[PDB]
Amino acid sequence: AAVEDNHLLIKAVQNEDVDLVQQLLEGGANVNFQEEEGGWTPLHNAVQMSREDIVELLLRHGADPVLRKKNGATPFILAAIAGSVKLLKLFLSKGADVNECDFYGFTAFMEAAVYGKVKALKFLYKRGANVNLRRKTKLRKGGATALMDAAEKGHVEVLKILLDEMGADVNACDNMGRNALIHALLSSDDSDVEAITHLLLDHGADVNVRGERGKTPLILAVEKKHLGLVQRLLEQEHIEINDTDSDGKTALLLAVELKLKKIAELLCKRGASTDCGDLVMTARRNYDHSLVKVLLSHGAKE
């Protein structure tokens, strides 16, 4: 009955129907209603759609400015996702703390990085957001940072702003031991990965970090089948061409097994032919005789 009206209020907000929102609130609908599934409120929804006027309407009807939903997100944090500087500023005047976080450790600054909201990022920075915070949950899915988020998501401009203008530590690691370089290679679209990797390497990113399963940047690039990345990575002075993953396989072995001749040949022109195992055998069983030629030219065995 009244529970129906409360959902109508949220629906009215979602539909951006101001008159209806007013009528329902003046009707006695619970302004702080939380839908049971996600804990969302009319205010959360209003913020998500960047409707400042609807937000102010809800606030004037007594909406709790800092009421969190199930994941712990506040309207303030949602404002960062929406990329709204005005709303971010608004909730800071309402008691929000610039460094507060949802139950997964996500702060506003991180959300801005995740969603590539440049203006929100810059505003939150000047408000004294801790740029280098590592996420505190309440798994080995934590310890991440805004820089890793930007790298993973491919937001090149944000990544630069963090590295150049905001003192982001390029070599911080999450709980899994992964750094921004790893995150960029793990998920970033092939569209932005080269530029992001280039930027990180220039800023002193450690090429010899171990990710999940002992995977290194070099190995991840090989598994990406991306020749450009492998080439860029090998240009690093202190790169370990012979590092092995948990399975004890090197970048070259994987290149051969993955049937990548050009990448494998690149690795040979600098790497180690025996450290990885029976390469010629693998290349031959795959009918790649051209690769067998290269491997033998570099001292492969049988």
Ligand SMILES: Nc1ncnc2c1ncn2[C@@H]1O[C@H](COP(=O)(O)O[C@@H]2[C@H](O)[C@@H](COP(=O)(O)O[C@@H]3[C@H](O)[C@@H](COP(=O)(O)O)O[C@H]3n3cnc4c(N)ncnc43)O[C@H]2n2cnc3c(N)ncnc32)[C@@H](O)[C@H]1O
Second form
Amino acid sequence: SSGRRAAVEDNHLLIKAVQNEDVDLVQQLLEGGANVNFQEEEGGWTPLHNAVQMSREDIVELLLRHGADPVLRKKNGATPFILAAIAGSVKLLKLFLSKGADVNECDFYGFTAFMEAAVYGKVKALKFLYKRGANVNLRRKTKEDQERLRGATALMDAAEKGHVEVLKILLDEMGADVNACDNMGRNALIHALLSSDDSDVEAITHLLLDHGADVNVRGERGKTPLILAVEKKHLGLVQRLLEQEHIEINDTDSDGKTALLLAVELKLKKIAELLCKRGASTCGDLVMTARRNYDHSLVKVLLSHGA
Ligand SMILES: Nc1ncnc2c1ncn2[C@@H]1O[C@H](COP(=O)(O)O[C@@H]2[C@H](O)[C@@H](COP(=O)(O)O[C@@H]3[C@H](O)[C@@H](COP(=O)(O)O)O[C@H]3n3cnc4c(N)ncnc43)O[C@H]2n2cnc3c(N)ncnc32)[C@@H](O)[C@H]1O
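Structure of the form solved in complex with the named molecule, please, following the form solved without the named molecule?
All chains and molecules follow, beginning with the one already shown.
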């Protein structure tokens, strides 16, 4: 019982040794008899996981030769193979395939190597996984989710993190389905506009629209791409979104508000003016909203378009 406690320390040390990239210390601890397949209690991480996360092939090899299980999963269900995708290591993906990993295996949240590679903008890994049979259009199914016959896709992921290079490749080279929808009915376009990154959102939006993305999808709360473009207060997105010949300008959100109503509630002078060069002012309480806003430049615009 004093030995059971002392050893667990050696184990944690083996992990820490790996994290510190202390090759010699890892060799001592393993030769010393430390459990090479020890999993810490937090998230089920092993030395091998940590080694893969860090893209240290040499430490992976060492651990494997001391008998590390190459397909042992951590608590989230992710395997070392998957972790190597997040790391973008082709060498490690090639390796874990050779040791029994399935190219379309997934953690307990439906995440596949291919998906992780797109999330982390890992191009070479993406191309590798594709050419090794990765199912590009898989929709995330948690495990106790498949059993009940019941949703995001790699394309969506790349859209939310704003990886332009990856999005081009998925759409042009790998046959990604631009108009797939998750279980809340959001598509790659909606995800791009929901993300925290206004960084490359213009490119992602243009790209998606060229590849025939549906500008008229109902999101979380009736929120269309137009309404998100407006709520973002982005003139460029509203501008590009409106060059879509068949966009339901007057579509209404969850609250009944529309692209124009929200444009005016938010005092967007140019966006409201641009919308009015097509939008229906018959939401009605438009002018009354601009008046509550004390916005007489905007009250004038609304009336010229018959409110
Ligand atoms: N060396 C180590 N590195 C990192 N963590 C370590 C390390 N050593 C010990 N730990 C510790 O163990 C714990 C859990 O770590 P873990 O990563 O193994 O397990 C995570 C979590 O519990 C678990 C679930 O978290 P959640 O409740 O937030 O559930 C999340 C979400 O609701 C769900 C569905 O997403 P979606 O389909 O709706 O888009 O997956 C999460 N998720 C989001 N992006 C993911 C991704 N790219 N890949 C996998 N899962 C993702 O998944 C890990 N995880 C979460 N976000 C991640 C992300 N963005 N990229 C990679 N992995 C991610 C921790 O508590 C931690 O301290």
